[PDB]
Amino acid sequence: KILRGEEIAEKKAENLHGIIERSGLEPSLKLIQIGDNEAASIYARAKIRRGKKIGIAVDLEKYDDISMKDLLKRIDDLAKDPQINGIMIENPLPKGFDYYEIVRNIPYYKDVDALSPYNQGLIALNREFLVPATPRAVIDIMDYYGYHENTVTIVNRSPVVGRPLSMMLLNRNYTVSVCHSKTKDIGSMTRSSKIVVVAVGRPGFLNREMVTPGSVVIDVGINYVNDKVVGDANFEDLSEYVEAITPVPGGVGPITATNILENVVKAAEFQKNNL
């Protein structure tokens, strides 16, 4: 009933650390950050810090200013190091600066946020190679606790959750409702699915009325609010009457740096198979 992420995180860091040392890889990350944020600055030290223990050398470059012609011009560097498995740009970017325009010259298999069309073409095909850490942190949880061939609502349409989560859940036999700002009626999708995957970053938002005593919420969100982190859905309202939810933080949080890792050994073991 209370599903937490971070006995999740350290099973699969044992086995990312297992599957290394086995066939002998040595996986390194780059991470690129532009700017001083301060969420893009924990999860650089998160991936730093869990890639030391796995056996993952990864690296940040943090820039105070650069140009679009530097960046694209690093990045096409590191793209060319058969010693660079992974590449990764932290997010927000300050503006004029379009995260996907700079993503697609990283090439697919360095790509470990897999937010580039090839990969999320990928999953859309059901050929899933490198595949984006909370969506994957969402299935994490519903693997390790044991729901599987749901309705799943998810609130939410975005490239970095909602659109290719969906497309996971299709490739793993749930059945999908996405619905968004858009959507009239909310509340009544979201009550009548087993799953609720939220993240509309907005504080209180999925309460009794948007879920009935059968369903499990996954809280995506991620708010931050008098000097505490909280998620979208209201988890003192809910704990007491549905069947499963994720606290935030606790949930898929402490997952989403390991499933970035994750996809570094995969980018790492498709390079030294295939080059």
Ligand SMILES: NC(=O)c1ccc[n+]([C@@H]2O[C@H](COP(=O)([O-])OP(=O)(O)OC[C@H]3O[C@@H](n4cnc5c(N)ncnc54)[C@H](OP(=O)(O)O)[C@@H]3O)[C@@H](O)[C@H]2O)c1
Contents of the next structure:
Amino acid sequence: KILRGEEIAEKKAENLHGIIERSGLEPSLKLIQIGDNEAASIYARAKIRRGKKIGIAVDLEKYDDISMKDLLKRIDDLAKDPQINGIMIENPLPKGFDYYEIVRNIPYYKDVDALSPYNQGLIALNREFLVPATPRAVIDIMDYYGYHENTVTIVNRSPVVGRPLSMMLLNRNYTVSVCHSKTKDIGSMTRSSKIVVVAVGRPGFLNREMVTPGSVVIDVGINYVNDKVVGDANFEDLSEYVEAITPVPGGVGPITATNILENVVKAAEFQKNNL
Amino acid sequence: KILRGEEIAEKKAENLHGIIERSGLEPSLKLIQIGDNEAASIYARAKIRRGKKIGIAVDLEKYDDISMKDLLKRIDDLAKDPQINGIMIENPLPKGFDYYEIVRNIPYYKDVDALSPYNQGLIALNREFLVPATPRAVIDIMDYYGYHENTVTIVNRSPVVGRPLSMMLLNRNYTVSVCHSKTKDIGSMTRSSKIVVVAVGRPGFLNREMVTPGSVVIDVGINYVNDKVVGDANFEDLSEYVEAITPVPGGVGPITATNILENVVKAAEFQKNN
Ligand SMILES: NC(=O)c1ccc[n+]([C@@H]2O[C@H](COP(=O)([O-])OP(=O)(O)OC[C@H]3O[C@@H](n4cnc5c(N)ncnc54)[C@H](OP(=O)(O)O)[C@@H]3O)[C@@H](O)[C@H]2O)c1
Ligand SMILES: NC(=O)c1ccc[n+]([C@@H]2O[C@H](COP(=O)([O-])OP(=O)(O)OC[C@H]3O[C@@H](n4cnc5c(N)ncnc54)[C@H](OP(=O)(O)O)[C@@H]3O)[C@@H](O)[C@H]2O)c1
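How about the form deposited with the ligand bound, since we already have the form deposited without the ligand?
What follows is the whole complex; the chain from before opens it.
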């Protein structure tokens, strides 16, 4: 009933430290950050720290201010470097810097964030190779707590969450509805599904009216309200009504970083095998 | 009541022509067919023929017996050639020949079938460039007949239909449900959407119990019974009851070839600039 993520992350990371010891890989991950976004820095250091524990070299390159020219070059140099297995650009970026074109000059087998067109392509086509960290982390919860073959409603249709997630759920035999700010009647769809994955970035959004007693709620939102961190779901309200629910913080979030490292391991071994 | 696609194809072909005049492109599309499949040959001739009418050069390369290695060579040759804008391998193939691995060898900007990873990704990313023809045709019908931002239930999760299609409907603000053989109660989900798109390839699959009077059925199945050709829906039955429905043949069917020609224009106007 309380879908915790910390214990799932540790298992993944043990499994992964396994695979590197007795495989002899030495995966490398470059991180690039532009500005001082506090969320992104915390995300960077969590990946450096878990990398260190697992055996992954993860290095952060901060830049106060960089041109498109110099940044594109830097990525180009990193892309060509065979000792660099993964490359990841952190978000948000400054104005006029578009993630989806920048990210495209990273070869897909270095694309650890897995949001480049080629990687989304293979997910779409059910030949998952590198898969984004959050949709990954939602399925982890499902795998770990025992949810299979269900109807799922995703409230979110972004490239980072609900779109690759919808395609990953179909690759695994789930029945899938996606909806969004232009859906006239969300409540109807969310009450009818076994599972509700929610990522609208709006506190209090998923309340009792949106779910049934049989509901399993996976809260992807992260909101700051009163220096405090909270998801999209009225956690307290539902935890006494719904069948199972991810708390925020402590649900999807503890897994993300490790699922990035998971991608860096797959990438580094695909490089060994193929180049 | 009757959702036909010949008006739509004809209109799209005229627009295509105008687009060719008004930029002076001479787009050319290469077809490769390996085998003697009947439907593929019809499809290829339809592309050639509509291509002739519209101002696109479409040329076809038949084979009886090709090796993987030569085909792969031929495709690299066609890809490196700047005077060939489109490349398409017809289906089906010799056994153990994986379509989806051949096609990643076609530059995404030559890939008019739009089934390659890069073009699937751009659809998913809401940055559509070349799009697959059957989902495009579904969206043609919905547009032409006034059906904007509705609930949709697609019964099909293949990469040729329901997957690109789910993504293309989301880019246009529809709300999307996707089901398949492992969905526990399909009727429950089809009856709750304004629009039901079926493409399961099973005659009589979509019957009266799984739709409503307000329902809009788009029937993508192509099935053969008594040499007669039929959809997945139960057409004679559903025509009286449902609000609108596509005939098989004659609904989505007539738009396909032209949608491939649409990508070929797009593919040509992209190549001029790059
Ligand atoms: N757990 C993690 O480590 C992690 C990772 C990634 C993201 N997130 C979080 O998840 C949330 C979304 O992430 P994102 O990158 O997907 O953001 P995004 O691009 O802004 O997506 C927001 C989505 O929510 C939908 N939405 C917003 N308000 C709605 C409403 N009132 N009714 C129905 N739909 C509504 C939007 O609909 P439209 O498409 O129509 O605009 C959009 O699809 C944020 O809270 C973000 O911080 C957390
Ligand atoms: N109209 C056109 O111009 C045109 C163009 C392309 C395709 N099509 C037609 O559309 C049909 C499908 O095309 P495709 O290439 O996508 O074929 P496909 O790859 O075999 O897809 C069949 C899909 O239908 C689902 N399905 C089959 N039986 C089902 C059942 N009993 N209950 C629920 N779902 C079921 C399958 O579920 P699973 O995923 O679980 O197997 C699968 O996702 C075929 O008849 C084909 O000829 C027509």
